[PDB]
Amino acid sequence: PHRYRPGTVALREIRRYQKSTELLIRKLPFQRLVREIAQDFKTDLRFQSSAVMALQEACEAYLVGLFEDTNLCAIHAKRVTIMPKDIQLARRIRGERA
Amino acid sequence: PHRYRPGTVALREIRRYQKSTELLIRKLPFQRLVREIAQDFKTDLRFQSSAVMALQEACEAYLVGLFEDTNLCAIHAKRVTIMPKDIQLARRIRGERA
Amino acid sequence: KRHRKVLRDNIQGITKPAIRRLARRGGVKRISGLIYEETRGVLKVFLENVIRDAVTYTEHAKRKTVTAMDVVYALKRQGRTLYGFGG
Amino acid sequence: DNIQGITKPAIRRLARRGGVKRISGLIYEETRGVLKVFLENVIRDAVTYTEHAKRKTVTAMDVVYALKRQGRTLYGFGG
Amino acid sequence: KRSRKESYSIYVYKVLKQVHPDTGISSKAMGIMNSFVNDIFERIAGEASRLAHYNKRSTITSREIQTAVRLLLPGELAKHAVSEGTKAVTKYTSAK
Amino acid sequence: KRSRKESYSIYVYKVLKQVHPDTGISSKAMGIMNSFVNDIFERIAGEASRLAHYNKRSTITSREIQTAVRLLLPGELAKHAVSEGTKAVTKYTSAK
DNA sequence: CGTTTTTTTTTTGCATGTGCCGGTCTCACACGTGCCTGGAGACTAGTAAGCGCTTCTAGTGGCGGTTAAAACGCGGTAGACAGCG
DNA sequence: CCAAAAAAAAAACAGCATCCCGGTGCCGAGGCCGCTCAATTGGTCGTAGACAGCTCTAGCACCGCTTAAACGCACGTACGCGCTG
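Those protein sequences? They're chains Y, U, Z, V, b and X, same order as listed. For the first sequence, position 91 matches number 128 in PDB author numbering, and the numbering has no gaps at all. For the second sequence, position 45 matches number 82 in PDB author numbering, and the numbering has no gaps at all. For the third sequence, position 22 matches number 37 in PDB author numbering, and the numbering has no gaps at all. For the fourth sequence, position 63 matches number 86 in PDB author numbering, and the numbering has no gaps at all. For the fifth sequence, position 28 matches number 57 in PDB author numbering, and the numbering has no gaps at all. For the sixth sequence, position 23 matches number 52 in PDB author numbering, and the numbering has no gaps at all.
By construction, these hints were calculated from the structure, which means they are not laboratory data. The beta-carbon is built from N, C-alpha and C at its ideal position, and this holds for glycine as well. There could be a bad hint or two in this list.
[Claimed, not checked] With a straight-line Cα cutoff of 27 Å, these simulated BS3-like cross-link-like pairs (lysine-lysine) come out:
| id | chain 1 | residue 1 | chain 2 | residue 2 |
| --- | --- | --- | --- | --- |
| 1 | b | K57 | U | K56 |
| 2 | Z | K20 | Y | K79 |
| 3 | X | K57 | X | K34 |
| 4 | X | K85 | V | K79 |
| 5 | Y | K115 | Z | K44 |
| 6 | X | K46 | X | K116 |
| 7 | U | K79 | V | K59 |
| 8 | X | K46 | X | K30 |
| 9 | U | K122 | V | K79 |
| 10 | Z | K44 | U | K115 |
| 11 | V | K59 | V | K44 |
| 12 | X | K34 | X | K120 |
| 13 | X | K43 | X | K125 |
| 14 | Z | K79 | b | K108 |
| 15 | b | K120 | b | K108 |
| 16 | b | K30 | V | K79 |
| 17 | U | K79 | V | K44 |
| 18 | Y | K122 | U | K79 |
| 19 | Z | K79 | Z | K16 |
[Stated by the list, open to error] A few chain Z residues that don't get close to chain X, going by computed Cβ distances all over 10 Å:
| id | residue |
| --- | --- |
| 20 | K16 |
| 21 | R17 |
| 22 | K20 |
| 23 | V21 |
| 24 | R35 |
| 25 | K44 |
| 26 | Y51 |
| 27 | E53 |
| 28 | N64 |
| 29 | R67 |
| 30 | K79 |
| 31 | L97 |
[What the hints assert, rightly or not] With the C-beta cut set under 10 Å, the calculated list includes, among others, these residues of chain Z facing chain X:
| id | residue |
| --- | --- |
| 32 | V60 |
| 33 | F100 |
| 34 | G102 |
Produce the entire structure from the sequences given, and follow the hints as far as they go.
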């Protein structure tokens, strides 16, 4: 059978998704996750469909930006594999992390 | 014939200098480097010695802060010697440079 | 009053292949395991911090419905300003 | 020409408060180009406040607004 | 003669004469405490403003201050503040 | 009927036909270009407000709108933004 | 098996920093005056928003089906990581 | 020279997926219309800020002396760095 080398399909996926702009979280789980969290402050809140799309645009971008910052810290420890220690770092410099 | 081991004095200078609050750049060589650059935007300018002081405070404090992150980026690389690529990285993530 | 729905734990709804696609866009070639629940940690703190602020906006406006526009006054307040939902 | 005045032993002392033990000699160079870039940004804007007041003496209060502009708020001089 | 520069120094001396009343304060610190007051002043009045301005209002009340103090101050700092503000207002109106 | 939502998108269509005639736009994109102007307005107007406030002045003139537009925009957008801003002022003061 | 080892604990001597006793000096906190302008007060005036009523947007929830995405396991490539010079 | 051999490489064939095509469909762009309200015109009135004048604060210049700091060099240690399993 046919078999690409580890990394090969990882490259094509990068190129494939960097190219596009469409959301890569499933909008339902997200909504439930947004609702679930929304409750903690006050229960029984209604959300415009733009409001849950507003958050899902904000979050997906922030994280794609975090994975850029994170991928450098990893290459900067001479590695290719991103890790916890990289997202912790990125956030620390960023000052999101005390 | 007494000598200290490459590092055990740096650590004494660290210990010491954090503990204190005095301006670690000499006041004239700075006050000139304030004037020198300032003449590039407009010539014939004066400065309230307080507003010189203001710039030293903010510039020393800035670099103090940057060295901390650059220190963190160099530890992250299995190092204790900081390098230029550890400044370059901590600014890139800080969003100061591209 | 009250009606159908009380909370749940949708945290695990962030499929591994979802976080993987974010990182693939974020230029990442290889991803540790410890990654996917690390991200679930941060993403959760993000929304808590946005939605706290957005909920604070709705409560000022004495609505019970959170708008698109409540999210935006918060997201901006949290220095992450968004273009494409008004304001 | 006056750039250096920020001495190699001066940078050393900053980094030691920055929690640094061992420093590449390549860094003393790097630090100057950074510090220059910071004062440019801050000065430029700080004069822009002076030239809009129409003074020729730059004031503590001109730097304070320009740092506060750059995200860098400075408690201690006016405010 | 001079300018006529308004600080907060007399008010910070009394809040010092109310918490650690033995310990005095250097003038460099007093300009810092001064700069501190004016910053959160500017932040709250700034957020309070934009709340009113997003809700089509021509007045900032107790209620827009509060909602700034909520967003701005984190966890337990906000709480004690909201209460000291609420108490301050209730204790004011009820006094005379 | 529905009550009014004032937007900058009629001017953005014209300015689009100015710069690229036969190029169109999407609703979303037009929503973005909307946000863009608001942000900027709020930025520029905001810095200018400070400039009045800082120099003990009541009225914002185009000199404050200039001193602002320098501080905020980068070098080569600032130059050009300062250009178009002086041009529109000299053509209005003459044309009037 | 009891020989070379490193080399891991042990005094060993050593140097700074931290005082805690002294002691002297200076200028900046601290507080006092005198006057001036910024907050107090009482009255007026106008409309912001609080309140009650209505409109009807749009936000919810449930179905049922299609099939795209989630999941899980196996296998081996390759990258992390330690060791060492 | 003529072996390795192993390593390192080149390309040859074979296979998989993405790119760009016309053929198809619909809905959102784009425009036109008719109407409401917000921008304009005109006039009035009150003061913001410009201007001239003067006061005098504080910023600039220089100077000579007393070290505190910068510089400089030297020696070797510990750490950066590659290579490998």
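Pair hint outcome, Y/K122 versus U/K79 [Cα-Cα no greater than 27 Å]: Answer violated: Y/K122 to U/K79 is near 47 Å, above 27 Å.
Beyond 10 Å from every chain X Cβ - status for Z/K16: holds, 31 Å
Given pair status - V/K79, b/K30, alpha carbons within 27 Å: Measuring from Cα to Cα gives roughly 24 Å; hence the hint holds.
Hinted pair Y/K115 and Z/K44, Cα distance within 27 Å: Between Y/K115 and Z/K44 the Cα gap is close to 14 Å, so the pair holds against 27 Å.
Given hint U/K56 paired with b/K57 - CA-CA distance at most 27 Å: holds, 18 Å
Least C-beta distance from Z/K79 to chain X larger than 10 Å: At about 21 Å from chain X, Z/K79 clears the 10 Å cut-off, so the statement holds.
Hint consistency between X/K85 and V/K79 [alpha-carbon to alpha-carbon, up to 27 Å]: The hint holds at about 18 Å.
Claimed clearance of chain X by Z/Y51, with the beta carbon kept past 10 Å: holds, 30 Å
10 Å Cβ clearance of Z/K44 from chain X: The claim holds: Z/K44 sits with its nearest Cβ about 31 Å from chain X, beyond 10 Å.
Given hint Y/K79 paired with Z/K20 - CA-CA distance at most 27 Å: holds, 14 Å
Cut-off 10 Å, beta-carbon criterion: hint that Z/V60 touches chain X: violated, 26 Å
Interface hint outcome for Z/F100 [beta carbon to chain X under 10 Å]: This interface hint holds because 7 Å falls under the 10 Å limit.
When each numbered hint is compared with the structure, violations occur for hints 8, 9, 12, 17, 18, 31, 32.
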